[PDB]
Every structure is written in structure tokens, then in C-alpha cells.
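S.K.: As a plain string of letters, each chain reads:
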Amino acid sequence: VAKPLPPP
Amino acid sequence: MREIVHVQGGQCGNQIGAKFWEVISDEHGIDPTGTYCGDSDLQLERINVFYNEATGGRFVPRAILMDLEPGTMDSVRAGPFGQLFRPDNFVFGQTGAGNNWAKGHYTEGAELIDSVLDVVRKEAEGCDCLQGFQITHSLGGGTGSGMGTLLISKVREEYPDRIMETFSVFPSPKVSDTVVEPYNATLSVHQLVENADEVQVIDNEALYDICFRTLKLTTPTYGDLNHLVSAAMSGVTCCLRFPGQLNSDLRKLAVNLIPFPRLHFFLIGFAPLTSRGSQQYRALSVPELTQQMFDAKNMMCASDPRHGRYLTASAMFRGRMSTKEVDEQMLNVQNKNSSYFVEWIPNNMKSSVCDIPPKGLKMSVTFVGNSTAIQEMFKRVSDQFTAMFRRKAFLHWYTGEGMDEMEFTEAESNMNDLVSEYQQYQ
Amino acid sequence: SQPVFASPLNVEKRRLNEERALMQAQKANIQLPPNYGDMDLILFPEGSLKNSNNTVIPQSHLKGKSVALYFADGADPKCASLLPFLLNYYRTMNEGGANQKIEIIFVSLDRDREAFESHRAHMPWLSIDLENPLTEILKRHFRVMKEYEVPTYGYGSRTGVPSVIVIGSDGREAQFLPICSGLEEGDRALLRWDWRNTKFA
Amino acid sequence: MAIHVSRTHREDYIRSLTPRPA
Amino acid sequence: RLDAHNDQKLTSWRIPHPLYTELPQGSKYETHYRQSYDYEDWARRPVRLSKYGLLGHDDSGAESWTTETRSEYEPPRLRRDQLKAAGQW
Ligand SMILES: Nc1nc2c(ncn2[C@@H]2O[C@H](COP(=O)(O)OP(=O)(O)O)[C@@H](O)[C@H]2O)c(=O)[nH]1
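Protein chains in written order, with PDB author numbering: chain H, 252 to 259; chain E9, 1 to 426; chain w, 2 to 29, 35 to 207; chain W, 160 to 181; chain X, 49 to 137.
Keep in mind that the hints were calculated from the coordinates and are not lab data.
Hints may contain errors.
What the hints assert, rightly or not - Quick list of simulated restraints, FRET-style, between CB atoms:
#1 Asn59 (chain w) x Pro94 (chain X): 15 to 25 Å
#2 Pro94 (chain X) x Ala110 (chain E9): 54 to 64 Å
#3 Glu170 (chain W) x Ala110 (chain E9): 50 to 60 Å
#4 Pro51 (chain w) x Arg282 (chain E9): 55 to 65 Å
In this text, a Cβ means the ideal position worked out from N, Cα and C, and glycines have one as well.
Chain H with its partners taken away, still in its complex shape:
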């Protein structure tokens, strides 16, 4: 599934 972006 489309996963959340990791924190930059």
C-alpha cells in the first residue's frame, strides 16, 4: 500500500 513518508 502507499506508505507514509519517513521524517526527513
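Take the given structure of chain H and dock chains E9, w, W and X with the ligand to it, following the hints.
M.R.: Chains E9, w, W and X with the ligand in isolation, oriented as in the chain H frame:
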């Protein structure tokens, strides 16, 4: 984790086992429709010992109700808590083993072995590693004594490293039901002593004697008698499903008690068993559990232990115990009963701490005892059988199916060898 | 947009964020529609969360917590077996710390009023009540059902009742607890509940 | 031996009255 | 009919005609013990038998179940709180 495989054999094993799953479902809180109620952590924390999850959230007991007369298991359907067992967990019968050891064991029970050993090895292999077997079966009828011991021979010979357990009810010397008592008694025993791990006896007229005096009831039915036995069944495996300080495994109970392979026969008590007219007179304390349990008339088998001597025994307390008030007092009952305990074993008696009490009690105790007081009960089994056998009576129905004069004398001689071995150890 | 696009939460999300993006648009180089990272929500209103003794608890209590929605049913025999195990894990993590650590919002699929009362008198944690339509919109938002009653919008059946699931700040799926799932690992899956990246900021 | 109802004080009558009253 | 020293008690049998109407069945008891040592209702008081069957000596239940480890090996400052309510020092 641990699994116990239950098998009900005979008319008595079905009724006793029906009240076993009555009381076990009361301990863990299972509504008879299959669901759980009780919202406690430790009720179902160790639930796999007596139950299997069935992908419906219900807990099917790991029991196989099994007989040859369909009526006595059809009444389990009509009675309460008949819905928990699986329909596949029932081995049907059509002819009905009519109180004949020859008919139950050799001829008619042979074609039902292929269905009951198929279902017991299916439920055994369904888990990871089995712990032990447990049965309830009778020694007075034919479908329990003859065809129940059929299952004992195969299950031991295909799971040798495991253990097994019996709740065997014996014929009575005082009250006489089922005129073919001593044939079923002797034929079950000599096979039992070579394929059973530990066997523990129950007597009918000791159960009536308890319900007359200590329980003080006028006229209840057999449901009360099965309630005492289900209290002992709940006790002897309480620690297999509940924690404790000084735990107890079923084979821990075996190693700690059985000296010698030939003698593995035990006597069972349970305390407290007091009338409700004396519940206000009874302030429940650890010492009065112990003196009640060391009372010859409390016993569930009517063999008097004052005549014999205890060899070794184990007491299993349940609940919240001040355990030093348990075990130095468990010394203290050894010291006054110096003539009731054998001399060559220091610390004849064992203590156990099950940390969970039964229903409606803060604390209870379950007694198991390897004693030489069984030899008198086996002595009038010898006297009954010899009277049956003096001039060839009652047994041509056995020999009409393939019995021999050669093997009945081996049933007599093996069991007289056993009462001999109790006699020297006194 | 997470975990699904077709839910009553995300359709109200993509509505509410959009006219206030219009409010900044006519007041003013803004872009329409606003991004998923730019949308923000209130998940639980003022009068939604109710504690054990039935008094209002504010949403503001939920900072620094690992909050999880526990889909459940009193009559469901899966739920009756997983209920004391969740009671054990909730207990041992609260007083296993100087500050209360994990938290479960009880969201239910009971038959009627008296069914929830029998399933609430034994619950220590917070709960949401049935007649509030927050329960109905949350179960479609997390794709949770017993069987197919209401038509899902091209979706499958993610969980079966029960399934306790840790949630995010903006309703995102944090990390899955497979009680009955593709893993189907029952009665122990509460051990997978970490409390480090699953913080309700 | 004659057996009577639980009202009569013949044989036991305390605990005989409780499980099956008569 | 009591002003003229009524001598026939047949008037008290008109209403309990069948004797099985449960109104005169065990309604009076006039022995000397119940007329000297008797309080308002402490004769006809039912006794507490059990609620879990014959094995139940009294009411304990599973709601009172906690194992010895879970009962006393509890977190320390909660024990510091609840002993403070009952004389910790
Ligand atoms: N403990 C116990 N004993 C029973 C019960 N029913 C019958 N018995 C005893 O078993 C004997 C009847 O023989 P039984 O074993 O039932 O014949 P079967 O049908 O071939 O198994 C009688 O002497 C009874 O005392 C029961 O429910 N519980």
C-alpha cells in the same frame, strides 16, 4: 502447550465425565453455548490443556465420549452442557455391550477400534507435543471394563513414552448391582497392570457413605456422586492449568509416589465436604482441612486404612496457603500417625501448592495415596472370583466368543501376585 | 488518504480542508487542492470520549500516548477470549511506568443498549458510545466488519472482530496488530504493540 | 422405616429442609 | 359477635374452607420459647446455602482470584500509596 486427552468409556464414564466438564467449565467460565464469560486473566490463560479453539471463539473440550449403547450418550445430549463436545468426538454403538467382557473386548468392540483410535490419534497429532491421557471408565459393566481397556492397550502401545491416567470405579462388596461383577473386575485388572501408568480407585458405597454423614443429604441422585469425583478431577489437574508456589505436574505426581512398576494403585480424598448446617460452625482453617483429610471415613474408596499402612502419599492444597502452616503441620500429622506410615521412607508425605481454589471456596485439598490398604479390597475380589470359578459357572457366554480356560487362571494368578506384593510391604 | 480513500472520515477531511484552503485563496501562490501532509483534523469531538464513570474527558489528555481503537463485540466469542489478555496488557503497561503509557479507546459493535452496558462495566479504559455516529464512521475508516453487510468501495475485509489497532494523529494507520489477519497470530499479538513511533502527537 | 414431610421433627429436619423443601 | 362471649369457633372456618389455601397453613406458633425469647423477624429467616453448588461452602468466586506473584510483586509506589492509607510508617 500441555494437552490432556480425555476419553469417556462405559455408562459410568459418560456420566462422570459429563459432570467433569460441568465443573471445569465452571472453573474457567464457559457459557454452555461455547462463548466465554468471567472476564478474568487466569481462567483462560492456560486453557489449551482441556480445550481447543475452534475458529468460532468457542472452546471444544478435548474429550471423546465413547461407548456401545447409544442411549446413555443420547442423554448427554438432552442434559446440560452437551453442546460443548464435537459431534465427530462420539463413537456410536448399535448392539450395546451387555455387561460382557468378552463381547466388549474381543468380538464386537474390535470393529469400533478403527474409529476410536482414529479419532484419538487425530486429536493427539493436532497439537505439538502431548502431555498425558486421562480416562473415566467403569469396572462393573462390559462396555467400560472390557471395551475401555481395549483403548488402554493400543494407546499405550503407540504412545509408549507418554503417560496415562484412569478414574476407575470398582465393584462393591456390600451393594450388588450387575451380577457379573468379578469377571469384569479381574479381567480388567490384569490387563491394566501391564499397560497403565497410574490408576486411582473410586468406590460407590464410599460415595453414598460420604453423602449420608459428612455431606448429610437425605435423597439426592447420582449427580451428587459425580460432583465429588469431578471435584477430585478438578483438583488432580488444577496445577496443569493454574499456577502455584510449589507446583505439581501429573507425571510429577507419578515420580513422587510410585515406588515399583507393579503397584500403581491409589486412594482419593477431597476436603472440605461439610453440610451447610455446619458451615457457620466451620471457620475454615488449614489444620481442619488436614484432620478431615486424614479421616478414614472421608475416603472415596471404602477400604479402611487403619488395617493397612500408608506407603507414600501426596496432599495437594488449593488457594491461598500460609505454606509453613501447611508443611510443618504436614510433619505434625506424620508424627502422631507413626503407626499409620511405613518405616523405611522418611517423609512419606508430599505437599503441593495450587494457587487457585475451586468454586465457592477459599481453600481446598485433594488427596492421593499409595497405600497397602487396597489389598483387602483386592482380597474379596479373589474370594468372589474363586466362588464364580470353583465348578465352571456363569462363563460359557464368555467362551462362546473365544475365551479359554488358560487365560482366566492367568487373570487370577496375576492379581493374586499383586495382592501378595502388597502383603509383604507392611 | 490513509489507510483508505473511501471513508466517511476522509471525505469530510477532503471537504473541510478544501474550503478553508479557499478561505486563504480569496483572502490572498496557494495550490488547490491542499496536500495530504497539509491537511489537519480533529478526530474526536468534545463530547465523544467518555471514561469509566461516564464523565467528559477532553481530547487534550491524549498527548504523549499510544492510543488504539479496539473494535470489539460482547457476544463475539473471539472477543470474549481476547478480552482478559488485553486487560492484562493494558494494566501492566500503565503502572509499569511513572506516567500512564498506553491507552485504548473502546469502540464497539454490540446489538443494543444493554449489550454495551454488560461489556462496559468491566472496562477500565475509555470508550465511545454506540448511538453516536462516530462509531459507524470509524469502522468504515479502518475497514473493519464481521461479514459483508454494507458494500465496501472496492475494498476487501482488512480485519475480523476483534482487532485492536494503534492510530496516528491524523487518522493514519500506524502499525498493525494481527490478532486475526493474514498472520492470524492470536492471543499474543499485543506484544507487537510498540510505543515509540506510535505517539499521538 | 416411615419417611414423613420436612415439617415433622422425625429423623433429620434442619438440612433436610434446605435443598428440596416440602 | 364478640360482645356476648362467643363460645363456638366455627366462624373462623368459613374462609379457610379447603384448609389448603395457604392462609392458615403455619400462620401461628404459641409455645413458651417463642413468647419469651423472640424478636421481630429472627425466626423465619432463610439460610444462605450456596450459589455455586454443593462444592461451594460460601461465596468466593473468580473475581477474588489473584495469584501470589501478581498480588504482592506489584509496582512499589502503588503499594506505598495503599499502605499509606493503612499505616505504612
Ligand atoms: N460413580 C457412578 N457409578 C455408577 C453410575 N451409574 C452406574 N454406576 C455403577 O455402575 C454399575 C452399573 O454397571 P455399568 O458399569 O454402568 O454397566 P455398563 O453399561 O456396561 O457400563 C452399578 O453398580 C452402579 O453402582 C454413575 O453415574 N456414577
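S.K.: With reference to the structure, classify each hint as holding or not holding.
M.R.: Results for each hint:
| no. | hint | in the structure |
| --- | --- | --- |
| 1 | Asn59 (chain w) x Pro94 (chain X): 15 to 25 Å | violated, 35 Å |
| 2 | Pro94 (chain X) x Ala110 (chain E9): 54 to 64 Å | holds, 57 Å |
| 3 | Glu170 (chain W) x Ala110 (chain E9): 50 to 60 Å | holds, 52 Å |
| 4 | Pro51 (chain w) x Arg282 (chain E9): 55 to 65 Å | holds, 58 Å |
Hint violations for this structure: number 1 only, all remaining hints satisfied.
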